[PDB]
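A.B. asks: Got chain A; can you put chains E, D, C and B with the ligands on it based on the hints?
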Amino acid sequence: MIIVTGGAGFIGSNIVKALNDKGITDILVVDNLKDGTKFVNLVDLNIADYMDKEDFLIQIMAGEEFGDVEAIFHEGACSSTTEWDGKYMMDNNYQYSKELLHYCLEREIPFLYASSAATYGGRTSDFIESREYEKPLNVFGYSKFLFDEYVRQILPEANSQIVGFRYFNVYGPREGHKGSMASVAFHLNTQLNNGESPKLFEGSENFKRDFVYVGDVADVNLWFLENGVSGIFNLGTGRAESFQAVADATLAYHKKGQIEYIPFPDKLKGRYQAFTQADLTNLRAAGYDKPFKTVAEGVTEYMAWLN
Amino acid sequence: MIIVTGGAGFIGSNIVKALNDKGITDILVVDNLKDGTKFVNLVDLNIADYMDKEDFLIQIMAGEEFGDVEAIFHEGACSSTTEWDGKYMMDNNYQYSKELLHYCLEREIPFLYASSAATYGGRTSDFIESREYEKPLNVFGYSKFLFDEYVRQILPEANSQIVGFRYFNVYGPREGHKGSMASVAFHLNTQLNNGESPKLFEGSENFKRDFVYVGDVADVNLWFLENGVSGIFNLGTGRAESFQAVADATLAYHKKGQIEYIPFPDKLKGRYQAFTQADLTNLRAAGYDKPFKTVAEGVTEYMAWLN
Amino acid sequence: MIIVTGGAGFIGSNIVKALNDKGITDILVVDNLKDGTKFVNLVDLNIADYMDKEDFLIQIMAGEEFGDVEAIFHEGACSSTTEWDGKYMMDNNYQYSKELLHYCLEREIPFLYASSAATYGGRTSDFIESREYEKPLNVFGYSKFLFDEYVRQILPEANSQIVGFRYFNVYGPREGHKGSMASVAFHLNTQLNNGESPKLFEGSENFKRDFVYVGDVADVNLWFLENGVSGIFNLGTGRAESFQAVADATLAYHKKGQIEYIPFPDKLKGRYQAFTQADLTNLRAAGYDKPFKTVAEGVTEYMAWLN
Amino acid sequence: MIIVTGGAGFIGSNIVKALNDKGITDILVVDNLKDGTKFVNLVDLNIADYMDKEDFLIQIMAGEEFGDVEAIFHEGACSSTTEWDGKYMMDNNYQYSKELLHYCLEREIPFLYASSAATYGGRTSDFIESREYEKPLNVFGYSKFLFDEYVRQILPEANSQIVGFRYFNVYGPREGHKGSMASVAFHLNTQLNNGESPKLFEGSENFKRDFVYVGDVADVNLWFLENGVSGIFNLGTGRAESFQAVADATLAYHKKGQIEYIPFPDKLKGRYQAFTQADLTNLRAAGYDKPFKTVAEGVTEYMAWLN
Amino acid sequence: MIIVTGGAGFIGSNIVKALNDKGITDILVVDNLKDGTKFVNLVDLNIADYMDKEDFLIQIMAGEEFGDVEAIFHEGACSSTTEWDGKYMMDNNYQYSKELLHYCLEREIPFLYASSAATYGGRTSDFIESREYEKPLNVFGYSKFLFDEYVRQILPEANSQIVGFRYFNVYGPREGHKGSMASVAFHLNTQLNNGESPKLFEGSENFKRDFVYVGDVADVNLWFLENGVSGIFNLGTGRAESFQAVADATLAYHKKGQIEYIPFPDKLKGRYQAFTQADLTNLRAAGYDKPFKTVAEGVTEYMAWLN
Ligand SMILES: NC(=O)c1ccc[n+]([C@@H]2O[C@H](COP(=O)([O-])OP(=O)(O)OC[C@H]3O[C@@H](n4cnc5c(N)ncnc54)[C@H](OP(=O)(O)O)[C@@H]3O)[C@@H](O)[C@H]2O)c1
Ligand SMILES: NC(=O)c1ccc[n+]([C@@H]2O[C@H](COP(=O)([O-])OP(=O)(O)OC[C@H]3O[C@@H](n4cnc5c(N)ncnc54)[C@H](OP(=O)(O)O)[C@@H]3O)[C@@H](O)[C@H]2O)c1
Ligand SMILES: NC(=O)c1ccc[n+]([C@@H]2O[C@H](COP(=O)([O-])OP(=O)(O)OC[C@H]3O[C@@H](n4cnc5c(N)ncnc54)[C@H](OP(=O)(O)O)[C@@H]3O)[C@@H](O)[C@H]2O)c1
Ligand SMILES: NC(=O)c1ccc[n+]([C@@H]2O[C@H](COP(=O)([O-])OP(=O)(O)OC[C@H]3O[C@@H](n4cnc5c(N)ncnc54)[C@H](OP(=O)(O)O)[C@@H]3O)[C@@H](O)[C@H]2O)c1
Ligand SMILES: NC(=O)c1ccc[n+]([C@@H]2O[C@H](COP(=O)([O-])OP(=O)(O)OC[C@H]3O[C@@H](n4cnc5c(N)ncnc54)[C@H](OP(=O)(O)O)[C@@H]3O)[C@@H](O)[C@H]2O)c1
Ligand SMILES: [N]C1=N[C]=NC2=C1N=[C]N2[C]1O[C]([C]OP([O])(=O)OP([O])([O])=O[C]2O[C]([C][O])[C]([O])[C]([O])[C]2[O])[C]([O])[C]1[O]
Ligand SMILES: [N]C1=N[C]=NC2=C1N=[C]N2[C]1O[C]([C]OP([O])(=O)OP([O])([O])=O[C]2O[C]([C][O])[C]([O])[C]([O])[C]2[O])[C]([O])[C]1[O]
Ligand SMILES: [N]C1=N[C]=NC2=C1N=[C]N2[C]1O[C]([C]OP([O])(=O)OP([O])([O])=O[C]2O[C]([C][O])[C]([O])[C]([O])[C]2[O])[C]([O])[C]1[O]
Ligand SMILES: [N]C1=N[C]=NC2=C1N=[C]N2[C]1O[C]([C]OP([O])(=O)OP([O])([O])=O[C]2O[C]([C][O])[C]([O])[C]([O])[C]2[O])[C]([O])[C]1[O]
Ligand SMILES: Nc1ncnc2c1ncn2[C@@H]1O[C@H](COP(=O)(O)OP(=O)(O)O)[C@@H](O)[C@H]1O
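Protein chains in written order, with the authors' numbering: chain A, 1 to 307; chain E, 1 to 307; chain D, 1 to 307; chain C, 1 to 307; chain B, 1 to 307.
In isolation and in its complexed conformation, chain A is listed as follows:
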């Protein structure tokens, strides 16, 4: 049996699918299905059971057994970078994670969780998995950062696998529910299907991210499960590409449309990463040697799936 928190969300559901593809269906999904439209992400998948995040937490803290648990993929989190309720953020992200971590540690259950490249918080190089390089620009980022710091305290003493994946800009199938937190690829696709103009922020000529395909993210997750290695690892392609590149791949698929520039949103000024590029040294050194899909490859594959 495997547990996937955030299992009805974007990355989580993709981990579920990947597990299904390996013939594993004995999965417990933990999520918050308040936004019911998220069911789409599970409808075509095969799981054993579903539990709400709040119930799960209660049971975790009471020390309930869930049977023979092989791993927890902890993808569940408040994922909005524009959420400013720190109380909620620190409870739901940081505290929640701590609580899970301890539960796993005590039962020697492999624990594989989601960090974020938001922890790097705006810099132009050296995106390296170490405290010196970390300085989040928002409370979301802070909640992730502090957890990584917590994990770092625990690692030397741990008797079972602990892995944190520092995801960069993930995109692909099963993020339709993320609204304004959905990938630019997604937004452009839906704008184009609506006969609207595809929109980019003002200054996106100079904005670059490490855009990584969700399929690859899933593969990395399973690989680490199979291999047992511990640590905190960047997860991206290693190549930074401009938003313009993403737009290109998208318009190319749709055979139409032309980019329009909207004002840079006030609520992100000072909170924004203008450049990210994953340094994959540690990742490779851990033994994960598979290549990553480029924006051209990933976006077109995604576009096909969206239509």
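Quick caveat, the hints were computed from the structure, so don't treat them as lab data. Among the clues, some could well be false.
Pairs of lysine to any residue residues, derived as SDA-like cross-links and limited to a Cα-Cα distance of at most 20 Å, are as follows [to be verified]:
id, chain 1, residue 1, chain 2, residue 2
1, C, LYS135, D, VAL40
2, C, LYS267, D, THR190
3, A, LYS135, B, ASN227
4, B, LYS98, C, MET51
5, C, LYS17, C, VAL43
6, D, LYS135, E, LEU306
7, A, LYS53, A, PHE66
8, C, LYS269, C, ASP85
C.D. replies: Frame of chain A, contents of chains E, D, C and B with the ligands only:
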């Protein structure tokens, strides 16, 4: 003693009536009577006691005894296909059901519950009670689907009856409270009694459902109780009929009126089943061999009862 | 010691007064004094103590002793016929009553409670205390009906007094707080003192009720306490009188005014009793043989007290 | 150690000051400081500790010790005569008081509490501390009345001091927070300092009250503590004076202004005491023989303190 | 291990930084991160863990251990002088503090907490740490005052360090979140960077405060920890300077701008301190002999850090 959850609702109250007709009155109804107008559905019936769904759940989970329970007909659920609070849906439908199921299993109490053909989610044939054919279009459907999947895990090991009825489009007496979730028959009748025009969705020429009379649904329920067979079974006539057919039967009774087409509601686009027809192979194979009332028969009988 | 629930309400306060008149002042009143203006109903009376309905219930269910309890007059209920929250109605009326009943039963405390002729729900004769004749038109009525049904299950086995009084149209002193649930007598009086026209519903020419004076209701209550007889008994004059009769008695006292007809309120259409007349066969057979004040007598006595 | 509930309120804070003046500072104040502006009433005083009314109650009911308690002055209450939530009133005034009383009784702690002349409810003479003369005109008054009645049941059996002070119209320093429940003296003063006209109700020519200075009220309280006598005692000057008299004393101090008559407020019609005058027979008979400051004396002393 | 409550706030975060500078990183921060923007204050620091104030309190009161606690710096409080909810203020400031104090006392954990010069409440000299000189002008001040009074009762009997720092007008890095409670220095800086005019209250010519640099405040805190001395001590420079002086230092750095006078805000009239100057006699006598940065020094250092 028999327990009927959703007992003040449409199908539940009809099960109560059917039990009354067999001389059984030692019934506990579990429901949520917040909408007080639902009392009409019980007023002319004979029951032993009434309990709110929330109290019932608490007692179930505490392992209270209710006396000598012969069966639970679990018809209680949030039945709105346009309810999008997934948290509520999964608690009140899925979790609730699990909780009941376990309670019954442990005491070897026959458990007969409501599934839904919404689990098939829009396809043009092969409405067969098996996972390959299931793909709900909304979270309501998902909550039903996942429970059936759960039941499927339990069945091989079960020591007492477990039956799920996959109801198609049920209509007849005691659904007045269902508002916009009430049968089209019901809506047309009340429109006509109000001197308004009888209304159908745009494109209903091509929309067909397996419309099944509530009386038959009740009979099936009791039959299964008496016969002890387990499984998940489609419950419909086996014949798909157009909404136009329903309208015909109705206008014929009222001796007046002409169909008006209203816009297809935005909130259902992408969430809608355009065709359903129950495959009754498993149902028949279980031994239930009685015929089902056609739309012509059922609707006219209903119309008489409404007036 | 005697307990009167609804003790600050109309009928309850009158039971208190009646007890006072017999030299009994060791009374605990249970009510919900949220509407503070209800204090008037107790101000001139003599009681031992006051408790809120919610606290009372908690203590009842915990099995607290209140000292040496001689009887509970259970007049407390949500008494509005236009309240449509069934959840609340069934908790506060039905469940609450059950809870009291059991408490009394276990301690062999005489339990005398309020039913309602609303249980008959609109019929033109045979207002007899038996299930065949009962069919309430609203959820208030349902909550009363179901409790009577519950009492009926308990009666054959009971070792102490259980009595339910099925009050018809009660009127008299101490109902000023009941707003639109107050007697027509009351409304007419206040309309006339305000220089307004006295108002009756459209079609009141054909509306008749068994109007019974509150003083008589109180007497019946005490009589049953003294005599120990069990059962469910109609409580009204046995004579149906038109609303016109009530108006006559009232205008006669005030020496002025002329009836005006207002529209029949939408919220009561289909929910309304057009005729009631208590069949006093069981009541008389139990041994209560005293006469009841007519509308002419009762209304004029009331009018004097109001001025 | 001494406890003063309502200690941050008008009368309570004055009791604190009086205790300070006798060299006693080991005081626990219990209040509800939601309206923070009430802190002024304590700022210049000396107390040992502060507790919220809700916490206090919890601890009382749990039977916590507070150390060596010498007395409780129970001045805490919802003091608004225009508050019509009876549920709250009866909990916070009546029930709360009962709870304290029992706590004290059990530990033989002298209990000195606040009643009110509102219990007399509008009469033109015989303001005597006995049930025949009591008939409050509002639920505030009722809550006080019923408690006095409760105390009366307890008194013959009590082994420690119980005293209730039936305050008439108290005025003086430390009532600035009472808003529209503040003394007329206070209102006139603030109207005059605002260059507005000093306002009296229409018909105040014929309205008289027993206006008593807060300083005297405090003295009475301490006297009873020192002397140990039990009972319920009127506390006022024994002389009724018109509102006009109060106005006179006030305008005289301010050397300006002329009375304006505003409409008698709707919300008080039928709820209003037109005359009060304390009968001090019992008070004197208990041994308290000190004189009371007249309106002329009291108001001018107050006016000086206000400026 | 060290605990810093209010650790994400202004003074608290500076204590954290100071601890970091001494090589201490084993810190638990307790705060309320509801306003997420406060994360900035911790982002560049090194702590062991984070806990919400409400959870912390629960655990404190349950008597949980946090490991080997060396000290608690209790800087956490509702710090707004214009918050008028006294209930909240007394719970969150006074009660909370008491609760911590007892926890520490019992485990002999050095307890170092924040008082306030607001306790002096407007006077023109003798700002001495003694009750005669204390008279707060608002409920915030009251909550601090009462706690100091409480500490004073405890001190003679205490077996471990208790220190309260009566901070005057603190200013410097990490107060950006304090909005209108932020230093005038801060406000002027942000006004100037916005091309607006730097604003001072009307009458600031005659307003002087003891402005003290946050760096010094931090030093004092650590010094007391190292030295073990107990008591309540003023913490300011000992020199009063006008707001004009602060403005001067600021405009001098920015090389531009001219002071504009805005109306004195209504909500502060009667609640305002016009003059403060710390008397450092006790502070020096305790042994703390280091000098304090003047407004000229402090403000310019701050201005550099802000830019
Ligand atoms: N998407 C990216 O590009 C990316 C990049 C870097 C990091 N990440 C991180 O990776 C994880 C997955 O991201 P995502 O894109 O899949 O986000 P997502 O689509 O929103 O998936 C997360 C789901 O988990 C729920 N959730 C929140 N807190 C939970 C908890 N404590 N336990 C269980 N479920 C919880 C969310 O709902 P509610 O918040 O409404 O309760 C949501 O349904 C998140 O931690 C995210 O921060 C993602
Ligand atoms: N009528 C159809 O065409 C049809 C078709 C397929 C399936 N079904 C299913 O068969 C059952 C009967 O449906 P229906 O048409 O009779 O709907 P319904 O009239 O609304 O009956 C359900 C009643 O039970 C209540 N309820 C909800 N959750 C409950 C719970 N956990 N325990 C007990 N009662 C609960 C509902 O109120 P609240 O949610 O507001 O609390 C309602 O009063 C439902 O499960 C429904 O999904 C019906
Ligand atoms: N007067 C009539 O024409 C007549 C006729 C037939 C039957 N009855 C019945 O006689 C009883 C009293 O009637 P009434 O006219 O005297 O009504 P009433 O004036 O409204 O008095 C009832 C009082 O009891 C309170 N209450 C509600 N639930 C309670 C509970 N569980 N325990 C204790 N008190 C509770 C009510 O407040 P809240 O509900 O707001 O909390 C109200 O203050 C009711 O059951 C009523 O249905 C009266
Ligand atoms: N001064 C008069 O004219 C006068 C005349 C006759 C009788 N009295 C009585 O004398 C007492 C004090 O009167 P006052 O004029 O000083 O009124 P006050 O200034 O309003 O004093 C009462 C204070 O106690 C608080 N409180 C309420 N319930 C409490 C409780 N259960 N325990 C502790 N504190 C509580 C009140 O706030 P909240 O209600 O907002 O919670 C308020 O702060 C009251 O019982 C009053 O009814 C006064
Ligand atoms: N800054 C000055 O010139 C000066 C002057 C006078 C007094 N002080 C005192 O110094 C202390 C801190 O000052 P500051 O300038 O750093 O103010 P601050 O920035 O507001 O720091 C206090 C922080 O702690 C939080 N908090 C509130 N109650 C808490 C509790 N019980 N436990 C833990 N955290 C809590 C506050 O949030 P929430 O209130 O929203 O919950 C806030 O984030 C306060 O006690 C303050 O009164 C400083
Ligand atoms: N440039 C541009 N253009 C257009 N659009 C856009 C851009 N950018 C961005 N965008 C959008 O918005 C949003 C926000 O952004 P940000 O702030 O940057 O965030 P991001 O990163 O991008 O995303 C996020 O992330 C995170 C982590 O990292 C996660 O968790 C989440 O979920 C998300 O993904 C965005 O979203 C877009 O749409
Ligand atoms: N075509 C047409 N026309 C008209 N009308 C209509 C149509 N369709 C539909 N409709 C209406 O609306 C509503 C909704 O529907 P739906 O979404 O589709 O749903 P249904 O299926 O129909 O019904 C339902 O079902 C279910 C299952 O199956 C149940 O549960 C519920 O309750 C219901 O019944 C309807 O209702 C109509 O009215
Ligand atoms: N005819 C006429 N006119 C005028 N007014 C009136 C009439 N009728 C009636 N009314 C009024 O409204 C109300 C209501 O109605 P119902 O629903 O029917 O109610 P009833 O029965 O009469 O009364 C009631 O009752 C009950 C039981 O039986 C109780 O619980 C309640 O509380 C009441 O009493 C009436 O009220 C009148 O005012
Ligand atoms: N005459 C006159 N003029 C003017 N103003 C007035 C008068 N009277 C009165 N006022 C006013 O209003 C108020 C209230 O009144 P009442 O309702 O009457 O009340 P009193 O008695 O006066 O006072 C009260 O008391 C009580 C006890 O008894 C207490 O608790 C409260 O708090 C109060 O004090 C008055 O105040 C004035 O302003
Ligand atoms: N003379 C002044 N000129 C401009 N702003 C002021 C002045 N005095 C106070 N303020 C602003 O108003 C706020 C509140 O002041 P006050 O209530 O005296 O608290 P404090 O003593 O903490 O400054 C301060 O944080 C500051 O931003």
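A.B. asks: Hints first: check each against the structure and report whether it holds.
C.D. replies: Checked hints:
{"no.": "1", "hint": "C:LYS135 with D:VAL40", "verdict": "holds, 9 Å"}
{"no.": "2", "hint": "C:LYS267 with D:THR190", "verdict": "holds, 18 Å"}
{"no.": "3", "hint": "A:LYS135 with B:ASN227", "verdict": "violated, 35 Å"}
{"no.": "4", "hint": "B:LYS98 with C:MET51", "verdict": "holds, 11 Å"}
{"no.": "5", "hint": "C:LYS17 with C:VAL43", "verdict": "holds, 11 Å"}
{"no.": "6", "hint": "D:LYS135 with E:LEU306", "verdict": "holds, 18 Å"}
{"no.": "7", "hint": "A:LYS53 with A:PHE66", "verdict": "holds, 14 Å"}
{"no.": "8", "hint": "C:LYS269 with C:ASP85", "verdict": "holds, 18 Å"}
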